[PDB]
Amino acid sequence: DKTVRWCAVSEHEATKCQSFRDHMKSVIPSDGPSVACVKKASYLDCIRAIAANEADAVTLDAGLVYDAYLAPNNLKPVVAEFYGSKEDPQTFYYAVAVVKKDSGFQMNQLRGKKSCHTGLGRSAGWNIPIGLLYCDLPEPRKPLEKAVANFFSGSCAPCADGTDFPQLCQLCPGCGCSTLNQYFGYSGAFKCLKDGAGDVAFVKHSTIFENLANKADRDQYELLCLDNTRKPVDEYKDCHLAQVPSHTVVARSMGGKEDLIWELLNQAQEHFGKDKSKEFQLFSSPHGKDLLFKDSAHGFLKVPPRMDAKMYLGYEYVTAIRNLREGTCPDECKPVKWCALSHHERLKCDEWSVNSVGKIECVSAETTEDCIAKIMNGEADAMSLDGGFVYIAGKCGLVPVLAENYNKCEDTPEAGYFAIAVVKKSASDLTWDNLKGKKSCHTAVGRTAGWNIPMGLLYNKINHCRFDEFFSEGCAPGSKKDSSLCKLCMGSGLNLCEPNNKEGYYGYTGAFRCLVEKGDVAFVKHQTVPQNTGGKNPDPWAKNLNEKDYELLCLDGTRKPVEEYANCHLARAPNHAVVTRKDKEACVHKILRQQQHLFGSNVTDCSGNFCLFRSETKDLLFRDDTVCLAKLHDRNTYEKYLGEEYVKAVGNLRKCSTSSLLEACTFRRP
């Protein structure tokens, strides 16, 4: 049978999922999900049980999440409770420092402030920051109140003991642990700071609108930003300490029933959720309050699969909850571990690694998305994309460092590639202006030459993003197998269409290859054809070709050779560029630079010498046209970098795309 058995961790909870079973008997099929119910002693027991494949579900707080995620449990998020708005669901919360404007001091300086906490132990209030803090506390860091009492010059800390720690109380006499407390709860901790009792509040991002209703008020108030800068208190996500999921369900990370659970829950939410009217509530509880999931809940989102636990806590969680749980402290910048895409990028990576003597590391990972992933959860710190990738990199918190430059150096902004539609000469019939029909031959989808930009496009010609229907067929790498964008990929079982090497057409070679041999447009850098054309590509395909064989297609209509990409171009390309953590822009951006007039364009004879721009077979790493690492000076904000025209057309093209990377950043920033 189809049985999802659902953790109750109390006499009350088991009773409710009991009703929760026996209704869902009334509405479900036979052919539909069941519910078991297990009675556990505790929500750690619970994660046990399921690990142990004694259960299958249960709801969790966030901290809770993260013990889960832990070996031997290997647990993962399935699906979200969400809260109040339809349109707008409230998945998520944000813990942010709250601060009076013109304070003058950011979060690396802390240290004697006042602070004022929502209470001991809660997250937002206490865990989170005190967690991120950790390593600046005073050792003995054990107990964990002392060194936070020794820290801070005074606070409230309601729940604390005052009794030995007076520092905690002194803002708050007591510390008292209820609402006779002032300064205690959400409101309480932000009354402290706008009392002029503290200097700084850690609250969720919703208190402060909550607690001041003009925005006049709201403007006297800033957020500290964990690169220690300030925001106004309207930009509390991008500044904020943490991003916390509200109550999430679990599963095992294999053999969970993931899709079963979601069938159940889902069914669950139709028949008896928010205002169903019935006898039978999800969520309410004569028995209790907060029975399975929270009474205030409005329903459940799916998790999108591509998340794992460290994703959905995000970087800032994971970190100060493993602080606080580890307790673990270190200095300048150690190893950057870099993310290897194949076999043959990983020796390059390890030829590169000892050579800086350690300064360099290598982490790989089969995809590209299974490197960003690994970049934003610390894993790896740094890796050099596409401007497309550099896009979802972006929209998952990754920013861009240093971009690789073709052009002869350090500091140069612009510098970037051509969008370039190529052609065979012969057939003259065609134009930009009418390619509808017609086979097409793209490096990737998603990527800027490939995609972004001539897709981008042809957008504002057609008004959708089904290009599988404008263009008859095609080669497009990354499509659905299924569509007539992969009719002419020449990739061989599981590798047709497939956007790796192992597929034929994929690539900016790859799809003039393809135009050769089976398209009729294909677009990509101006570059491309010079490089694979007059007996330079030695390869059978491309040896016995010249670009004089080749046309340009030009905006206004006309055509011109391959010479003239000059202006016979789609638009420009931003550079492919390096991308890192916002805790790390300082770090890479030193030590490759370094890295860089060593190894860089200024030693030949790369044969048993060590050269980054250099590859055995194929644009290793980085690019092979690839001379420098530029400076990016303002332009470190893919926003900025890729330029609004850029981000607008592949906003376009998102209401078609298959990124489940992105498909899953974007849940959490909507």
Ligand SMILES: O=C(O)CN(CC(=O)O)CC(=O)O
Given for the second form:
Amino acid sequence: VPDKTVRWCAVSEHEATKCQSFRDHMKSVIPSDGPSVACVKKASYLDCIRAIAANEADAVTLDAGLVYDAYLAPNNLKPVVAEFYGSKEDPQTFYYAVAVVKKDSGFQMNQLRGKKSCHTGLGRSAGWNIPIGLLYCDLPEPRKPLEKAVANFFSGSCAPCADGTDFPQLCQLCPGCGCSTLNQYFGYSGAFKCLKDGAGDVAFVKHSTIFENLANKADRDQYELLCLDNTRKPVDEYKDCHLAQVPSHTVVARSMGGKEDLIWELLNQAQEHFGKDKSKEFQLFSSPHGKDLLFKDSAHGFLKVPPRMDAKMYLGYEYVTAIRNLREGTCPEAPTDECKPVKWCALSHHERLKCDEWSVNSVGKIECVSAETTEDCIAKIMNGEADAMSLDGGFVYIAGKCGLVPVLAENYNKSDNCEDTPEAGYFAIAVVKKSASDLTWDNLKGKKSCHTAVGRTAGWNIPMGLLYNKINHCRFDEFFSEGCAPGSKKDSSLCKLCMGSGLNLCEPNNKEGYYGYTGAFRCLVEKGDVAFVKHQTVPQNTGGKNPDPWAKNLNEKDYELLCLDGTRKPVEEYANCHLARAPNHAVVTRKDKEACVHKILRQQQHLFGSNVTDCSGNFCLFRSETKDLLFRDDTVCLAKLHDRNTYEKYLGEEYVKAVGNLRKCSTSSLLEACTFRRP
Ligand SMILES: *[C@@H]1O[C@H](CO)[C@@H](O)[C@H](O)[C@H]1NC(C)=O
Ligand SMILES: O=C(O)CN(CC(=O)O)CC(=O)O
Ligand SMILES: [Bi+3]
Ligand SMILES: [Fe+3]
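Switching forms now, from the form solved without this ligand to the form deposited with this ligand bound, please provide the structure.
To see the whole picture, the full complex is given below, headed by that same chain.
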């Protein structure tokens, strides 16, 4: 072990004093092979951000506004440790900015113009920056000076700390706009009282503000929340009806070489020795020198930020949109009004080439973005860099936990009424070679497995779910001797059978030849003992239908299916010999893009679907015909979902529990990140 010092950045002489006490008390209880603190004193939060980027410091705790500023070039900082504020069993790392109104006041979010508004204070986050950022494009021009545009948007307001001389209407509800607690409508409790008293029609406040100023649910039922989709929901449903979800206080560090593990090691040790009510000699969350030095006085401890989290993901799509609007002070030109370009997310260069062709044929209505993993693509849809992609049910689940919604299903059964007929799903199966007569589902231990990719339905969740129920541990790489399960940790025995070159080895994309249904079947033919795939994989790749050299000579009847009862059946007897049902793949998008995506794709499939006779020369959306590029190759159409518009309602209770039973065996860094934000 070499250097274990975290250089903490302080922003004032008082912080610098507390940091020094922090270093001293840690040196007295932590041994020499443990973490230590060093203190660098700067003059502002921005100077700390700059110093960290320039490798002169390592850590500083920031409000969300500065976490945003810290992420921008050329700082490139990321969140690494979170302060939490509730119980250790119910940590409250985030608040929810909300718009509270009285029940039955008869207006939605898109009708806030002409209303009386209550704010916590000018330039405050929940009470100003967030709602004003979100309303920005609805404000009348000129939008700056901002206070003037807002004063013209609302009929009257309380905005503490605002200039009452230049902008009198901002003070109508609190004459003088007193920047202090002597004003009854100042701050969180004050802005809520402004609403409670009938002075304002809407208060912009934290979700916690309501819960701490009202005794009861009966009290809370007298109020409502404004949702971004122009509906109202009960106050208790703030998780589903907020303006933005916002981290309270975040330790940030360099994106590269930032010492995140050491920063957590330090802070995890500090909260154990000197955290809430732990020590009398030193307190992490108080000080004789003042409030909120280094960390907030209301903090109860720290939680580690999941590694896959970047600032955009951490702050959330809603918060980023608001702050960008305010920071750059410029609007895209309304109306216009048009949905047009859906940005499709393609998985690496193989999918990107089919997507490119689609884009040119769609004539402006489809555009393309690339990422190297499904999870990177899902992250791109979350942050707004992409809008849609099709997904295996396993990744529909992950996407759903990440707040995405299914809009249309891939359908596989040919029918005169494809678009309007929901399918129960395909079958997950375990394929083996007939000549390998020994193999039974009863004992697959010490054998070699081939999987579409980790996290996928037929390739992973179903069979590994069933395996986990039998052996009751997650070490599937010890159960099997070796295999190919693309997406596995690189030193895992479940990467040893994969065929990709160099850095492509075991990657979950088509640069890895054993990725996906066809690839998993190839793996079985060449190296493996069992393949976990869909029921149609074998016939799609046998009898000369796959013309590639490895598949050319393969016969359907040389393969069998493993049944659950320990017997074997031929390939076409999948209906009586399968592991489980598998919900169809589906297109997912942001809740705010659901309608435009639904519209565009229905139009798109009408032009490039199954209606096209000659698929040579004309563009076909549903053909690869080997690698399931963009959509599965056996896709007949994209089907309506009607009310099956959430991941839980789409996938069904049966498959949702199954994946949840595997929650402990999850290597998915994206899922860890999403469930940290929404547990
Ligand atoms: C699709 O497949 C199922 C089961 O194989 C079959 O019963 C059904 O008739 C097919 N048609 C439709 C429209 O789902
Ligand atoms: O609103 C602000 O500007 C102050 N801080 C936190 C605080 O001081 O409570 C940002 C926030 O509320 O996220
Ligand atoms: Bi605040
Ligand atoms: Fe699948």
